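Next up is one chain by itself, shown in structure tokens, the form deposited in one PDB entry.
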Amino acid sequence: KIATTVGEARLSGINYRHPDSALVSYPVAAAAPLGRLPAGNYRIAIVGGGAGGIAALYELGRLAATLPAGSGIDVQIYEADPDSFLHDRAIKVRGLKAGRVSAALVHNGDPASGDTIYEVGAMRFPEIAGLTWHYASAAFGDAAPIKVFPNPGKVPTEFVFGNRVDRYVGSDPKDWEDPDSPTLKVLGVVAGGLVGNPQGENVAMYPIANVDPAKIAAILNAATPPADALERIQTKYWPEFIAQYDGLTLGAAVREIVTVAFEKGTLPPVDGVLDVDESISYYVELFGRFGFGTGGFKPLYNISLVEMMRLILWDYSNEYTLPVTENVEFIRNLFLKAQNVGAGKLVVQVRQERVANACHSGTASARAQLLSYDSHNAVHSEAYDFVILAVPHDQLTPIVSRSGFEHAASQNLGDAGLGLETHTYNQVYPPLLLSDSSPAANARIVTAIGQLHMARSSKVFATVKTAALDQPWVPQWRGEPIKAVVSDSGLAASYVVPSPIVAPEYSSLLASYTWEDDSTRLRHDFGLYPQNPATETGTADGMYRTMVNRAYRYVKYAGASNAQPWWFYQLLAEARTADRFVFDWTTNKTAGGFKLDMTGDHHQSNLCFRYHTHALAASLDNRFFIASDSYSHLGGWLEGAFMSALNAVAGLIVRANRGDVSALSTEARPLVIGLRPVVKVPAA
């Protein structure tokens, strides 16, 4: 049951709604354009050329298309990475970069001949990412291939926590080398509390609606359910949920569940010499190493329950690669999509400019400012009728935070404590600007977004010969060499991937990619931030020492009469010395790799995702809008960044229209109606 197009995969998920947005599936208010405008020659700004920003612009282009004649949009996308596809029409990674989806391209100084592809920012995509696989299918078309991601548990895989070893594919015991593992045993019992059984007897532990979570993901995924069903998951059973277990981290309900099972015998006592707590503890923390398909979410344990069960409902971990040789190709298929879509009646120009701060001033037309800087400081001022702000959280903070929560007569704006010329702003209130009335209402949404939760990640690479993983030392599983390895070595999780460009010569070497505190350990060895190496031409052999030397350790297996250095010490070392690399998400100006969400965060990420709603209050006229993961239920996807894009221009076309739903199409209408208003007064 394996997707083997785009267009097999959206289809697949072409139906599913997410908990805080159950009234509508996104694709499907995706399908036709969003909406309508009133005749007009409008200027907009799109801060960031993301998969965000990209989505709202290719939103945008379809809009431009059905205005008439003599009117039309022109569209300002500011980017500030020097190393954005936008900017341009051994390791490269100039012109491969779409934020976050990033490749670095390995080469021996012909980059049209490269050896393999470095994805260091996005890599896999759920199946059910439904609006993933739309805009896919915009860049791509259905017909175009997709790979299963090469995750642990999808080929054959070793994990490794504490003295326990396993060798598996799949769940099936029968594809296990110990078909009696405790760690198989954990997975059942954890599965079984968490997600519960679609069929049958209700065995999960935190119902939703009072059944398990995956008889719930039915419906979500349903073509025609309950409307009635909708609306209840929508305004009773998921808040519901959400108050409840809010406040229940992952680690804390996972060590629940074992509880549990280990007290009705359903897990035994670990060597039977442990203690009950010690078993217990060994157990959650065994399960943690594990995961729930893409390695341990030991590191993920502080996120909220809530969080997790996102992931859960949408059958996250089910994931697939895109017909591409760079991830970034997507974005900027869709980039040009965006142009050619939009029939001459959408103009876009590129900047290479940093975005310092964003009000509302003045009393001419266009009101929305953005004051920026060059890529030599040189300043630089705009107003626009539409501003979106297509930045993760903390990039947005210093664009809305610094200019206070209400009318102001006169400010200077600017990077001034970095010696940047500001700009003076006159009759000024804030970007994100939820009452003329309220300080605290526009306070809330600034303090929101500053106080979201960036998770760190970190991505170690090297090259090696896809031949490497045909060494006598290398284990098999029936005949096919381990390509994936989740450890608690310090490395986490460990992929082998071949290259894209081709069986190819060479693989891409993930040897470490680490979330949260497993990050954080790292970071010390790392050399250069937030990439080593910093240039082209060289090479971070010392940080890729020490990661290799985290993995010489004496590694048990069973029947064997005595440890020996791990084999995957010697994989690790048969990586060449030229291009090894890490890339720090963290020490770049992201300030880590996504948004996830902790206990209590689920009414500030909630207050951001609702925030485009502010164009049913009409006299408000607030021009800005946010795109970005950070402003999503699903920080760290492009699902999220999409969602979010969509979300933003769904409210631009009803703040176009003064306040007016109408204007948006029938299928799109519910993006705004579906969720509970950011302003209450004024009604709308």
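Residue numbers count along the first chain shown, from 1. Superpose the two forms; the largest set of C-alphas matching within 1.5 Å is the rigid core. Compared with the form deposited in another entry:
- The residue among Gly600, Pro111, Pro239, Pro198 whose Cα moves by 2 angstroms or more between these two forms, once the core is superposed, is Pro111.
- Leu96: CA moves 2 Å or more between these two forms after rigid-core fitting.
- Once the rigid core is overlaid between these two forms, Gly362 counts among the residues whose Cα shifts by 2 Å or more.
- Annotation for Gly293: C-alpha shift of 2 angstroms or more between these two forms, rigid core superposed.
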The other form holds:
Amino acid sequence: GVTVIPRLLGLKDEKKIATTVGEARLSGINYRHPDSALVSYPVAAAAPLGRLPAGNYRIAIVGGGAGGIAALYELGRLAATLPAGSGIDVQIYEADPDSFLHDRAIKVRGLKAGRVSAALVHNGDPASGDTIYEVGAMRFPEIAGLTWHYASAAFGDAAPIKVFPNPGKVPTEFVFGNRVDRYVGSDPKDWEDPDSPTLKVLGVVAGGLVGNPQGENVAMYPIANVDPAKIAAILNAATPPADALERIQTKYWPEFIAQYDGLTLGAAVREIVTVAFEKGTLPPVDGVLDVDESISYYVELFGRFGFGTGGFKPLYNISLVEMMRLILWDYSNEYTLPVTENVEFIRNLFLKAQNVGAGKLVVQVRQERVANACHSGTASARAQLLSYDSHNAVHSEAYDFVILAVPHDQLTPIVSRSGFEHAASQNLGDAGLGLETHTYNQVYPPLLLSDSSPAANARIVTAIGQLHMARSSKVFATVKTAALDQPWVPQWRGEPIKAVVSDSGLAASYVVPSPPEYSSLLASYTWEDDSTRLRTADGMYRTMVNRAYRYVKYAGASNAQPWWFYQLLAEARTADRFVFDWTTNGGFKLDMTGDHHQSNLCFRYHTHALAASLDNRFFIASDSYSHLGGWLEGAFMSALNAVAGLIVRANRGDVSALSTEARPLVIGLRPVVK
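Return the form deposited in another entry of this protein as a structure block, the form deposited in one PDB entry having already been given.
For this one, just the chain is written down, with no partner chains and no other molecules.
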């Protein structure tokens, strides 16, 4: 997802760096997000979420990504508490033929858990395996409590982790227009030019967006009349005051949303810069630029710099609300897991789910694509799924409960083609693909919010269908580690520059750890519009290298030469150059202005379980239905919601079936039903 570190500190000499799963798990155990400010999800997840009545349940999970697998794990924790004679049967549907779930020696590489997967690229060298480049989930914030919670389930607290060397955490070169900086962190003493305008605009914009944890409030967009930095401290507290979290949940965060959800991040940056320029805090850029040109230069300069770990420019259209969520979720470091491939995290969680079930959870995998979900009739197994196998044969199955653990663009066709009210019958399936249909009687929509309002039912489906997928592309290569020591590679702070943030088209480029003779280079990580500007792997790689072929003037040398980084990219080994272009080939929800109302409806959907007679058997579980798209943390939160709702539904609306700690997952939100 989007790395947002307001007050960037260099890694060198930074203290309190976590070295195990357990150490990271502790850092975010208390953090509560502002849309769910009554509950720490890691605390909710510390014990089984609640209790089910005695019975033999049949549940489906559609999707084997982080969402579906965390939901499975929570169902295992529940299963274990059932009495003798009782248990849960789960059918997990996963259409992806390369899913870890369908893997039947040596460990098979390159398996997927949805958007957690690595590309396996031939390198030539027979003494090594294939080169591995992670194309989805890569690194995990210290504050990601629920993620580290599940990592402990998967690997144990003792398992070692390594720090991720982001841009700005290590010596970095930044290039925007005519401006060049070399830097680490945000202390002027660690900038090659301590008087840099980049450092000046960083201070102004971080000050205006985040403000200060102590003393006077200096931020432009307060929450509860104070700086966001002060609110973040409350949300992260082990033991905040009576009613403080309630008031954030019901008053002050909704008031911030009401005021600022129609304001983009780029618009907010410009408002801050304009005030600082008028105040004289930001000086004219030089003796030539007019007022608007100066302000615009600073806005764009900030745009490419961000907070120092890569630019926010391509994210300028996101709502200030969405940016503010990330600002509140404050951290200094991200870490990698002790795995060869990150799919191992989700696979280990799947295996652990079965373990914690204590024999009361039985799982069966189906290599089938779900085409339709609906309710049929009013009896006990009223949740229907219509699916197709690898031979395109149709299958229909009925369940007590279903968790739809697929992101929004994949969920749409499953939930939107059965209308919005009761129907005497429907012939469902993929008729346009020429596939067999199946007739269902007394059909109700799957995402059933009302027995009397088709508009209510339409709202959830139309909301899902209009969420925004943020897109990104990555270009990977492998370079001799010694290349970083060529005489033409500059050094800063006693180290070769290994990270580059630039307006060249590459956006962000850096050496990535090996979870050595060779080093992995993320030659380009581009977001949104930056991912389509340049529109054989080596051929495509050369087009990117050609963008780096630019003359760069440095304050040192009187004659500009081709950028050194061009020469570094050209040192990349030829065999294992790899382009992950989303438009030829990974997207996650990131909210635009006005999108809160759609994403938050999804977030709260599981509260339908409070309405007993509605008897809706479908829950949703994905980072698409969270307020942290682009992070496993969001997928995991949504799965925790889904299973908390399922428990309440199983108990006919009785919230006392949830644990004391889990209860606010449902009752701490505005319900979606009367």
